[PDB]
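There is one chain below, alone, in structure tokens, taken in the form deposited without Diperodon.
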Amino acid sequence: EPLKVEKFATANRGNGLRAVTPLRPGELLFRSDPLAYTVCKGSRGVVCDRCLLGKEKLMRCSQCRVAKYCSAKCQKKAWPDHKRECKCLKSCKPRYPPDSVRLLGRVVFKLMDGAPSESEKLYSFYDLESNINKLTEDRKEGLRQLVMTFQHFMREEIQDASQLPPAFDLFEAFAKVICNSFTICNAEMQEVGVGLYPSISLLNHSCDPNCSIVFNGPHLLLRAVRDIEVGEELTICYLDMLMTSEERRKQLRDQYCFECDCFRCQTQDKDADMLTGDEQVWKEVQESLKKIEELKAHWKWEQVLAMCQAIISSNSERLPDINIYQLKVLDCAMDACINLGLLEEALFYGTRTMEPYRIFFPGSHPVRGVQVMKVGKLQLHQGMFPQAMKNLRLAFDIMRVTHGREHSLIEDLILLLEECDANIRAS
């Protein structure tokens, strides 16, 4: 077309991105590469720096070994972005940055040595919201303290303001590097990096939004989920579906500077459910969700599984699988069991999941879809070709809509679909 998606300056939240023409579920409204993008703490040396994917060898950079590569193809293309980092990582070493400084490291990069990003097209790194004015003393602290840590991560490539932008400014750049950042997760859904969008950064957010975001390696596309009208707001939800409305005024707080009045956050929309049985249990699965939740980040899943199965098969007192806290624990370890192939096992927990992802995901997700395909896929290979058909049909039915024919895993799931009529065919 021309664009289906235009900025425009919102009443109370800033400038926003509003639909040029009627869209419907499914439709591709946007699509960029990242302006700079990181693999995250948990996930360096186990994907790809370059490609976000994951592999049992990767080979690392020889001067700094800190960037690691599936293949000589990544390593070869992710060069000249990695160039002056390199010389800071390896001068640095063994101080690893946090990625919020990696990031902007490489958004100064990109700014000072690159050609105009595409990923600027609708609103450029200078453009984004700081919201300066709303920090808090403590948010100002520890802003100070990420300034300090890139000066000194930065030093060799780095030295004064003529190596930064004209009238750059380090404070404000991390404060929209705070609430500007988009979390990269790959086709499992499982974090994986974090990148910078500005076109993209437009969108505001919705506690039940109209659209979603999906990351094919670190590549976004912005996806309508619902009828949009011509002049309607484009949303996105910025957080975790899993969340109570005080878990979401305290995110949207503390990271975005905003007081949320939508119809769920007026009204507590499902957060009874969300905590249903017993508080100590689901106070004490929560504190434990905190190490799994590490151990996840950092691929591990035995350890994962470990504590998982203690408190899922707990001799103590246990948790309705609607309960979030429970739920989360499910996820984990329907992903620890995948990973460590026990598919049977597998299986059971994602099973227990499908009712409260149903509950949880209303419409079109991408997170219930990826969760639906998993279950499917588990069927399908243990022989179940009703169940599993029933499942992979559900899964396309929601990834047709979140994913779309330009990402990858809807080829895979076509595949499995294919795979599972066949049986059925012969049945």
Given for the second form:
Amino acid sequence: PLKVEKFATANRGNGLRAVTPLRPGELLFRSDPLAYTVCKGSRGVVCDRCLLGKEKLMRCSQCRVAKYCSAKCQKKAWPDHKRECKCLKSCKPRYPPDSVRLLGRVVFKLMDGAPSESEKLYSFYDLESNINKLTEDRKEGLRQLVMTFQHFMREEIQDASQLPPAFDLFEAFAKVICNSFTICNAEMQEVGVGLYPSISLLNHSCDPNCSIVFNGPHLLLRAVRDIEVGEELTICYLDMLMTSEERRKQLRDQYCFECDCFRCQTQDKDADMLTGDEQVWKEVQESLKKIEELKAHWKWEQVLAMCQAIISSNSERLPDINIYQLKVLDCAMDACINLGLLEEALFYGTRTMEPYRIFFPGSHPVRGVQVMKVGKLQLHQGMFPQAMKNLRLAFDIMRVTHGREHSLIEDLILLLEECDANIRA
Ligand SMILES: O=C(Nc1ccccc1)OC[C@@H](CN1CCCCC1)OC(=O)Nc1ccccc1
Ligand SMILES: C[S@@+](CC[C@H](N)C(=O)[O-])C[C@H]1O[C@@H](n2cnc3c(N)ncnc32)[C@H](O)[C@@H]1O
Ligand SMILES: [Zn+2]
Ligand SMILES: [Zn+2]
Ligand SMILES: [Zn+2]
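Having seen the form deposited without Diperodon, could you give me the form deposited with Diperodon bound?
After this comes the whole thing, all chains and molecules, with the earlier chain placed first.
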């Protein structure tokens, strides 16, 4: 009972196409991960199982690496965790890269788990490796990952008899490179990485007709515009706040392809993204390397101090449509929200609104969430007509990008009903 099918494309490998016309908001596929793990920066901040941020988390007894919010989460995680637990115990004080911990979970799921529904349309065995396009530099990095894997997993995997038949570690890490999904929480904070082999049939577009969203580790795939019969389904692999040049480099380095899409041919939005003084935004782009690192580790006080030094600098400033200024405004808004500084969060949040409209066209889940945050801030401060306007805009977007199957849509409906009741009274 599916509206999509695998097919062989003319020049981008296998892909997914619609077998019937699709309309905005239509759910096309949903999947738990084949395997997933919390990311470096969120380890110890979010529960290893449900990926939610809780202040009280309990370490697993044996390895004291995995953390859980509840007995329920520890129990539901134990099948995925039992064999890596001894390895993490084996390997402390060292912690292995996310990709190595992820592939460990793949190998254990394929060795010990029932066939996974995440592989319904496409399996880990099927995934693109791009090995004949990897540079010598990439291949050397892959060889280091293999040896790191062999080290980390020695307590549980000694020889090939404990790997799937004809399982090649080098090809396996090559697949992880170009098929890994970044798992975001409801607030669009990156909290994990996973493999979803059926979803990995989707080729990329800088102007996609589909979008994915995460509800915990669970993934929803939705159409975000009208799609004709037989049309290829695409998602955007990349953050929207990137120039065509930046997209080219990342698509080359990680995915081994050159994008022929119409936005890349025309450098669509590049000029407006880079307005302001070049010397100023080069420095902000540098500072953002540390700001985003701090944010990935949830160090909100330090994020905020670094952002304020830019937003309210004594030296030259950038227009809010400059993508690097815009990223700074967004980091500062999220830090204020997490620190309970709601007046400041709203000031930064409202400044992001018009640039987000430009740079996230149509229905994009990231703009839907940003608008909902600004609406919620306005609601908590008693600005009801303005909050209502933004909450309704968020719903117009998120009914398409998130849908009834995403728990966040229920929370938005509650905010809509509360803010409406405040206006009616
Ligand atoms: O209150 C805040 N932050 C917050 C506060 C004021 C203004 C803007 C944001 O976080 C609480 C957290 C816990 N939920 C409490 C209510 C239902 C159960 C879960 O959910 C969220 O609101 N996050 C969220 C996610 C996406 C978009 C907007 C907000
Ligand atoms: C997640 S996989 C998508 C499915 C892939 N086509 C396959 O056959 O398995 C990502 C890989 O698909 C290819 N690809 C994805 N989007 C592309 C595009 N827009 N143009 C050319 N190749 C693309 C690249 O090889 C990339 O590394
Ligand atoms: Zn949990
Ligand atoms: Zn453990
Ligand atoms: Zn493109």
